[PDB]
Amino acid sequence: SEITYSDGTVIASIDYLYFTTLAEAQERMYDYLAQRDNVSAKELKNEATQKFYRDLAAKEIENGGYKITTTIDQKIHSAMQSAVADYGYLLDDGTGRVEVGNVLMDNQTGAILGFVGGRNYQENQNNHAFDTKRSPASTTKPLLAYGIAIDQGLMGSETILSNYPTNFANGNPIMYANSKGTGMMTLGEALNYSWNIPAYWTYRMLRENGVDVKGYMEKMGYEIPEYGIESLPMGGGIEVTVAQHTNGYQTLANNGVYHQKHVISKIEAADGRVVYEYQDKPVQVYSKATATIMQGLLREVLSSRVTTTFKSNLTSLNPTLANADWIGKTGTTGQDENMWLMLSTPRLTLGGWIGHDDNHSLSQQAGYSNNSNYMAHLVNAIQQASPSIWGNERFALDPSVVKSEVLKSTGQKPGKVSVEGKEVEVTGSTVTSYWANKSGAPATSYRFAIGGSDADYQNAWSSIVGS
């Protein structure tokens, strides 16, 4: 039995590359054998059956004469190994040795071209790309809060949300770093800064409208045991591998269309019948309008440089590659335990995590600076190895996107609002807001933003009233 690269080159006969691809090879054989023997999912639920079928899948691979075709690009995977050997030291920050996981994924197929499993398989065998699960934190926000709210037509690109101080149900303040919050802001600013309260209100709105949020997340392969959590949009109650989470940003980057992640393409018996072949099941999870609007937002998350120095780092390493159409989002857990940076061009998504195996804190700036700088170095290694793999294509608004002229101040169409009895003529600076519904944005009404108390609205309307 043999395991090969995408081109056919032998990886090995039956150091992360071996164990990862063999393991997935095995899971594939497992499904196949259980299918071959008509084991129902009840018996499959059973633990000693599980052990038996696992063992049988493994021997079937050793004893069989199987050709196992992987999706791994040798040059690219190899360059990624070198990148982490050469530049992994950039992660270490005086909190101990910082572990890393990266998965490089073709956005149009979901194939995985290469990955980084950890700083050094010899030193530490944990596989941080495929096995370790950590809260994805704020990188949850585009997928589960904002993207869904837009796809449902509850929100456009320049909609306003409350970042006024507010409490969880226990009465503790919702915090972001040191801040209890500020006031109204646009989706764009909420996203660039990664504020927490606007995300809380958004998911709260989705529950109020009874939106099938599980539907969305499950179509991307996400398994979240409990959706009834106030901090869910922030990453609370969620734990994901780098591979699975990469698959989510693949969905946004591929114009809303999911392709299931995979590292095994084909398994052929000695006589050459396919025991397993990868079967494309493209799923439209977000509308093309919603995914393309989200792309324009996530472009500016990087551009703005508020929570990541990535675009600066990359410019200094390779100004040409800095000009590809990068979009992305960062994540940071509450005690700086885990940092994420997810990056896409139209062709590829590169998911990246860092943290400690025992879950203890990183440095304040581990995500903003170190992982950003390490990931720029990695992206540049992938380029050198395979020089047009990223592409210079641009993300663009889908024709079905609807434009609205809204007031900058309310994110809604200008007109008459009643403000404590005195009805007023809301006028002023306007912007183009992008929506994914039919009618675009509504007329401005008193409760114009996502979230906010009465005290907040009093206060906010006061400022707008300074006409």
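Positions refer to the first chain, counted from 1. The term rigid core refers to the maximal set of C-alpha atoms that superpose within 1.5 Å between the two forms. First, how it differs from the form deposited in another entry.
Core-superposed comparison between these two forms: the C-alpha position of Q50 differs by no less than 2 Å. Annotation: Cα of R36 displaced by at least 2 Å between these two forms, core superposition.
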Given for the second form:
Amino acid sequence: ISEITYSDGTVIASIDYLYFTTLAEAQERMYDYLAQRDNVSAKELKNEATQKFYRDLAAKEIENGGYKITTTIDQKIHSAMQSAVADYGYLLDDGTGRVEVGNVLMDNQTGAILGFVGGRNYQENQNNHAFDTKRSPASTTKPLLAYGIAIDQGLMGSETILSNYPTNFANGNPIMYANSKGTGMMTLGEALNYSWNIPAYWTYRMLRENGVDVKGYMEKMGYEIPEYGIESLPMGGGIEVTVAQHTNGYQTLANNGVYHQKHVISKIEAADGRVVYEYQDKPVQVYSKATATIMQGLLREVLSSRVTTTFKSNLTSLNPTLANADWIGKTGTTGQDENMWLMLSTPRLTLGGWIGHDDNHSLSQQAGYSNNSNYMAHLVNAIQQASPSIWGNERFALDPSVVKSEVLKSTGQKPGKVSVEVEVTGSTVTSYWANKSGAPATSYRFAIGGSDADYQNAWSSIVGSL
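Return the form deposited in another entry of this protein as a structure block, the form deposited in one PDB entry having already been given.
Chain only, nothing else included.
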């Protein structure tokens, strides 16, 4: 009799979401192994009939063999997550009909998946919202694809200034943030905490203009994106992802820039002990340690500022000791309020969460800000109750390689002469950089993005202050 087991060896079942997800993945590994065993070339595997036979063969082999499939799943934690969604899933319902949900809990140092939530109730709806449904990640794309890469390329630091002045897409439409056509200049921290859109637009524009290999970074983390020229890419335009894959992106940032490929199967052995498959770790430095650690600091403030999510307030009430762990994260909300995301990490673990409707109708305005945050606070509390040390008490900290520059608050660059020729001084602040030399001297166009009129307005204001 073949068996699927938890990480510690307890049998899940002989051969709900856990059964089918792990069985499906084991059937794929078995497929690759039987093909290679029988000396079938990848050429011959392009034949549709041959492929179909091998897929069926893999399924029957597990069915009738006596294999032991070891999963990465932690019995107590996964069982805690099930009870949490059973007991607290109703908190998601926001007056737009039953709300669906998916979550993935991943170890930051290995990529192993310790538990997940497939949906509200398998018995009523089988869709797997953790591994199967693909949806836009919205503003949770920003740290990975815009700001993270720009920092990594030495094109901004932690206190760099960006334009949030009104501007239009190529098609002529205003770039909107809810009902605001934008404001003025702002720090990277303010842009992240509020999730403003115009600054991310300008950052990704800067990457395109500089010919940065953005695709290089994203493909190293396993993302598939068809068109890298989309202006709204940092807003989640032109990208769709599963919760499991997107959790792998935040794993990379949390693990000091080092990607480990997500997995739910660690090993498959035959009855006699022959190892027919075993996960092989292939760590990749996607972002520098300086970059990753600088981003951890910015995402810490995203949660603490409580601007786009009530999560920390929800958690501090439920479990004040756990709220004092070093949480960082990012929210996302798509165009018609169709998808809400919240991604969370501590130094040890990352937990991705999505909510939305199977038929893509809109959620309420507050679904992501309040309901999902509350539900996810209950989820993290439940996981901690089942495994008290799992989140850990370590802090994220800046890597030694980070470069610290004294910069003007107003410009985000070093004090100096500028022609408007004028002497620019004032309040200064420490800015973190991931390059060699740190921040440049202040120049006239000091910010990421902005038009001529924007800068006149901006400088009018700075000069008025010396």
